[PDB]
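K.L.:
Below, each chain spelled out in residue letters.
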Amino acid sequence: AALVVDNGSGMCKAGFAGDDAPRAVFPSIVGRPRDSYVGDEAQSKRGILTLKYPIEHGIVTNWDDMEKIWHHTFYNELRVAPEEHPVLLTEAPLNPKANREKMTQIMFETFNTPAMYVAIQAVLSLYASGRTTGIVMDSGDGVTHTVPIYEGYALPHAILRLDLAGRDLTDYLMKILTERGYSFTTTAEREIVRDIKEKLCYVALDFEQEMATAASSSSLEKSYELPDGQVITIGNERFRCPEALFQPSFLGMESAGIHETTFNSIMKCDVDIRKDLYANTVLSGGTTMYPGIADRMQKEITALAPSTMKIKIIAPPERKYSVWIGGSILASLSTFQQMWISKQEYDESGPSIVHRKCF
Amino acid sequence: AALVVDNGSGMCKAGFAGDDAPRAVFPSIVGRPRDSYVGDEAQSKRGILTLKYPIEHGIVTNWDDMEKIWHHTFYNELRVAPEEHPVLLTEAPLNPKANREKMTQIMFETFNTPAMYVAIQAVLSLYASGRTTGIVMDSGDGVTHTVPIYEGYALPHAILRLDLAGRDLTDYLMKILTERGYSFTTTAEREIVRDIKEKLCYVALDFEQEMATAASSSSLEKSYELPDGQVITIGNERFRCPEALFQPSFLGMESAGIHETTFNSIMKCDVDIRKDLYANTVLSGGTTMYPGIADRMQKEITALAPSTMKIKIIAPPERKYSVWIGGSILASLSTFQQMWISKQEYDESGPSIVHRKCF
Amino acid sequence: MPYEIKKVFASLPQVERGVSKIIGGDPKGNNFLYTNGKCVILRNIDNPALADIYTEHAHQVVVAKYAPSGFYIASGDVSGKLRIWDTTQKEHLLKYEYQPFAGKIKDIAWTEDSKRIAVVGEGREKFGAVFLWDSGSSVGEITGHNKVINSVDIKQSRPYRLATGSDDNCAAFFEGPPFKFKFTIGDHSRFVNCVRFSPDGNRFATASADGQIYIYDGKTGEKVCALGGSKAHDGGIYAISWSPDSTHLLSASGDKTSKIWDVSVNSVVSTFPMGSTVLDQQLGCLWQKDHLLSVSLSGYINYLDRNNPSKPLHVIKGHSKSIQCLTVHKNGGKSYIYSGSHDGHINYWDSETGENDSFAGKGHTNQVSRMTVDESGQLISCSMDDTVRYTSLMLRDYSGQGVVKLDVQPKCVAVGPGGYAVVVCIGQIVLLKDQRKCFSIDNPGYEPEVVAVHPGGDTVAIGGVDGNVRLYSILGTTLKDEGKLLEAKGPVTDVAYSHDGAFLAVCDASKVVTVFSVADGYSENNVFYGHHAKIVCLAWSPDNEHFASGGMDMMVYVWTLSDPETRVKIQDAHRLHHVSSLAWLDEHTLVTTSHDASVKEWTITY
Amino acid sequence: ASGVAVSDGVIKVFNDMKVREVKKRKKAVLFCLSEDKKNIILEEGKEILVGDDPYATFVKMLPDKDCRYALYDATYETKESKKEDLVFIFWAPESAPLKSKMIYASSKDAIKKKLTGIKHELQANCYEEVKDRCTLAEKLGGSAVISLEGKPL
Amino acid sequence: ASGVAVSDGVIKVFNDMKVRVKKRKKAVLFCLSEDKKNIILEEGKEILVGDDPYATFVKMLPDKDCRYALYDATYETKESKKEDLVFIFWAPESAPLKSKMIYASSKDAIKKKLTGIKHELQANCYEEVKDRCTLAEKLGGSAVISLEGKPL
Amino acid sequence: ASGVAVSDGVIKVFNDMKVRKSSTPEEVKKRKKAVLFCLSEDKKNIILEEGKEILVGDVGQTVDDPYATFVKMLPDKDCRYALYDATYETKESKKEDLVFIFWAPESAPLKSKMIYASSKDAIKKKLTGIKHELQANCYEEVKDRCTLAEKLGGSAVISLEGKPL
Ligand SMILES: Nc1ncnc2c1ncn2[C@@H]1O[C@H](COP(=O)(O)OP(=O)(O)O)[C@@H](O)[C@H]1O
Ligand SMILES: Nc1ncnc2c1ncn2[C@@H]1O[C@H](COP(=O)(O)OP(=O)(O)O)[C@@H](O)[C@H]1O
Ligand SMILES: [Mg+2]
Ligand SMILES: [Mg+2]
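Residue numbers (our numbering), protein chains in the order written: chain A, 5 to 363; chain B, 5 to 363; chain C, 178 to 783; chain D, 4 to 156; chain E, 10 to 161; chain F, 239 to 403.
Hints in this document: simulated from the structure, not taken from any laboratory.
Honestly, I wouldn't trust all of these hints.
Okay, derived cross-link-like pairs now, DSSO-like style, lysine-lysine, Cα gap no bigger than 27 Å in a straight line [said to hold, decoys possible]: (1) B/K279 / B/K314; (2) A/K56 / A/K324; (3) E/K127 / B/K279; (4) F/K281 / B/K72; (5) D/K15 / C/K359.
Starting from the given sequences, assemble the full structure and let the hints guide the process.
P.N.:
Structure follows, in structure tokens:
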């Protein structure tokens, strides 16, 4: 059996090839005292330690913490020995070649994995959507990537990277929940606010009309039960928190919204392929799971795009783990056994074999 | 005293005739709220406004914004009344005649300048280099132009335009600095990255050899201090950023490099004059100020040139402002006083007078 | 003739780990050829010292192949550009030029009649193209491959057949001309690296990265056998070469050994173990006449010895990386040329016989900036790893020699009598006496670039970016500034005293060579014009009357000191590459090296 | 890349179709994964002969819940000239299972590249996208195309 | 263009030299006026036909300033012996920027005034003017065997 | 926003100082290099200080260092507005720019500091076209000549008022 590991910006998802869903989904953090706690242990260890993200926006910056995260993934989460199972890894778009070779070397030397493979998250999501040409809007925990792919080739000159993702939405929800009188400052309260965001937040098709309706009635209010039994009420903050995706000025950021970033990335491509990109906009990532996000994205892009063009936004129900699921399919195929990078090939061609076998 | 204004794609340089250096050099941007901030004022407000380039590739696109930029130049930068000083302007190569007429109309009607003159930037650089026949590679902020000039007459059929310029180099450095963990996203940080590019970047004579030697080179590593006191460290990215000039594939572009564009422009001329163009290649513009760009350009052009041909890349020390300085001398000459388009000549002849006096 | 090429010390093939290297052989069996950077090297197989270099590609040449008639060679670069050029004349005039596809070219094959060329690689919209040599019109279509094609071969006997091996673990078989797809063989499980038809055409063998070699019939494409039974090699085979009699096969693999197989009986005839390190992996092989060549990962070319498999007959060494420094030394009755490249490798070549070798042991790890020889028969080399190494020139062994560590990266080094060395670092001047640091001139008020020591060991001339040469005196263990400022026309790039110490020659970036006469108060003696680009190297002839300067104009000028108006013009001594360094073997021989990793000698006649 | 191997019959069929007896030439053909899902084989009973509206009877041949590859010899009449060109059609309906969609999408390049010379690709993800003649005309020649399959657009 | 007007002396000299002995001039130097408004003839910067002329003409050119020059080049080929006028624009790199700009921007006026000239030499450093290969190439395309008598 | 209006004299002086119109050499010496604005006795308008100004003609003949004397004119117990025509020189250009200085020492009374800080935005907005602003709250912050250089261009400024740093 092969292992499929998706290294997200804030959440790492590991599982076995052929499974419908990843077995372990845990935060991609490393905590050190203000010895070293990785994953859910760091969250459940009080605020006596500082948290660091080896992957903060898709690109690995601290490899020493990444080795710890992968060790925790293999031994504590998956509970398997990496030396006996081939591992399929996913890399963010526009990943430097040096990071790819370092990942291959770490897998083949530190963990002694018998076989290894690297895939791009955006192309995996596009393939899982049943498409080869289109634009993938992968909005994760710490980074949002708009990747236009034409016939299976991502266009590096038009891939756009946005620092707006679910982490900033959770922080904004924490900030705006204090207006009602609810104090959420600790990490334990941060997880509660994250759960509230995942369970009660939705994207409004028209922000101003929804705000007026919320201010003129109480039909939008919802009740959430805290772990200690207290019940809190939330109103307009249900749609104000995800609205920062389309209006980043709510968080004081310069960059445009996800719809405008998608439009800019589409307009940076050739004119002949813009029509195909407009009609094949695929959403992926945990952040794109807000109800009503597809309709709002379609409306905003249609406003931005020329009238004659046709806008179609793809929101598959499995898009939250579409990066992993497709990989779990790809590594489960009987014909993929020959596509693995064997350890014999590694200690015959160096880390550069990843550029020839994969990519 | 006459005024000399050089309108670039990214920076506008204004000063007085007879001066060694331009008095004001400010970004050629116009900002409007997300009432109207022009130039550096737009840079100091950042996210509250959207920035736009009226001149984005040497050619004027938004005349309304260029009017405000010229007003800012005359009143806020030069701090003089335009109606009392003759103004010498510079126009990009392959500038449409309609743009020339619009410019000479705006100067005489909107600002009531007593006199006006238009000159080609490439011919001004070539004259400032002490030459009348040769090919000028004017690499600016947002555009690069290869202009072959024979006997003071630019050849319109052989002028080549490449969209690769200093703006793309700044964006490339901005992108590759995130691989080290540094977060550069905002407009204000873009100027910091531009300063890093201007101060610490250099062109390597041999790119693969430079990579091979720089792995263990103790002098490659450099440190830069941010305005807020933070210190960033830059290594091989010093020579990777300008390498995109000769290898556009680093940006994902399919276009040719500056050396190949220069060779293509040379090959588009008559065989009789190709020798002079090869022997009189003149570098100009801010982008061509990287240390070691002349040697690299010579080495790359020699490969494409025939076996028996003399390649001489001219890199005068003042090539950064050679367009302006060449103008500043030209307007300061007493004998030039008869070459000014007087307002009376404009009234008798109309906007077409520039087609005769300024050629 | 003012100048004549005498000897060419060819560069080693440019090899990359895990990538097969293709070595071509002529039908006449005289020169075998390979590629390095922008150069195509034709090395004489019988005498590797004799060689020729063709440098006309604007990109990195991947593969070159002789035509079956032996008159033309087709070479392709990474840009998809293919050049067919004549070989009978030393000019190598270009005959035809094509761009079959916009992508890397991997292999080239010719037909028996030598009028059709098949070029394979990885294009934007196609993976191969076979076309007439004189018109470029397609005479077939190469289809059936969805990945890069690494090799191609064409049957040399009627009926014509074509075989391609690619990275989709499959080999396509076509019949023609016109070449049409016949079928795809998918026996291999990894990248198919080399596919070669036998010289008689009766059989063809495909080798892959899975350690298996498959022999198929040359006419029908049906499988005949598998070499070695279960497997042929313990690692990926990168190249194979059929014997001229077409019954034996020579295979080179990544498991650090080569093998000779008897194809007809499926038995291994010979096994040559090449080593036990990563650099000993074999990436290319060739069987021409009785010569068996195997190219290691380090670039060395081993002549395999059938009688003694453990020890090859010859190990042709050299530089596979750009040579940065060059010097000469007369040891005993023979002159050696020592060249240092940017990988830290220092190689010595015999001036007359051309035999070359390398210092034993482990030495420099980065670019060797400069090298020189003192009076005690020691090579002093300053390199980019902040080290100055004193290596004894008679033991030729790196272990047990002198190493001096500098806190700043050195850029130039010069030596003089009395065990005195002056090392210029980045913004610092350091003096070494008896392999010990004893004086530093840190913060000298300028940026030193080059250093020269007077033959008397008393005066040191140091150049700077400002264009001024400053004079120092080595008194005791210190340098005293003499307050003398010789003026040049631009940033000084090299300074060199005369062998007798009567003249100091300074070259700058202003394309001017200024010679000052030491005898009369270091006053200017002459100025030499003629360079049209930045001057990079300068050397003094032993007769103390001529001196040779090489520049970035790809030009070398031999100047006569007495008459500045008379000069010897060596135009394009190394094509497309400026001369990195040069020296003088005697009063009539000039040795020049460049970034093409090649060393050349020129006989100069005045 | 899933790693499936394209059968030689597909390449031979494409080679015959690309060049231009008439009653036996193929106007459309369907490709599909084998039962063991390791070969892109030809569908035996799903093809259209030239001698035998062809686009309508080609579209209805596509399954409603499975992905397929197709090669349609689309003919059209532009203003300046009349031309016939092959189109590679990737039919991936949204109602298809996730595994089939992923395997067909990841292995599309393995068959597309083996058929060198193809220049038009139509990715149909729904029945409306494949029944629509205007998008096929735009893919073929854009605004230059005025009539497709012998009928006005 | 700078608009500097060329004096009638220059055009008279060019015209009488063009029409084809000791009084005749082989080469002549043109300089800029002190007022910087006219192209004038420098006093002691002429070579008489009756009086190697090219080497002396090269030494005659200033090192730190720009000049114009008219040279009656004499090149002999295998077919015949041809004498033709050439215009030389001496603009050394060491010259001040003002002089280089003024001389370059006011070259089209003087050259167009001297109608009937074909060969133009543009020397920006001593190496471009001291040698004879480029001048011979300008005079004749792959046909010049020697120039001014001295063999090439 | 204290609502204090800017008197027409201050606006006229700023307009004359910003734009340099062609004039006789005797009229150039009448230009203002540094000027000081204060509050009216009724604290309703921003009037111009009578004797607290420096002329361009006085620079070089009587005033050796314009900046030192300008700092000397600043009161040590009261808040003022100042307009200084700084002529500096960087590595690439020689610039002449207006600097708005808000002098507010800690020893000044609280009322004056509050009124001057609250009304600074209105007068700054009315003085359109000024980019540099120097906020000085102590004598050490404005006496030195390096603070003005840092505010103007930063470390790129190599000369100030015709003298090296
Ligand atoms: N149902 C949901 N609705 C809204 N947001 C969600 C939902 N599920 C997860 N998220 C958010 O998605 C973020 C990360 O999802 P994911 O795409 O896995 O990130 P990454 O791509 O970095 O692994 C989390 O911060 C979480 O808050
Ligand atoms: N010293 C330098 N080194 C490298 N690049 C520079 C330097 N100075 C300026 N530049 C670049 O030159 C660009 C603009 O120069 P310029 O030629 O004035 O552009 P334009 O003429 O189009 O306005 C800027 O984007 C800047 O990045
Ligand atoms: Mg993700
Ligand atoms: Mg410009």
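K.L.:
Please work out if E/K127 and B/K279 have their alpha carbons no farther apart than 27 Å.
P.N.:
Distance of about 16 Å is within 27 Å: holds.
K.L.:
Run the distance test for D/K15 versus C/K359: straight-line Cα separation, threshold 27 Å.
P.N.:
holds, 9 Å
K.L.:
Holds or violated: are the alpha carbons of A/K56 and A/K324 at most 27 Å from each other?
P.N.:
Answer holds: A/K56 to A/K324 is near 24 Å, not above 27 Å.
K.L.:
Hey, B/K279 versus B/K314, does the alpha-carbon distance stay inside 27 Å?
P.N.:
holds, 7 Å
K.L.:
Given the hint that F/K281 pairs with B/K72, test it: the Cα-Cα distance must not exceed 27 Å.
P.N.:
violated, 37 Å
The structure does not agree with numbered hint 4 stated previously, though it agrees with all others.
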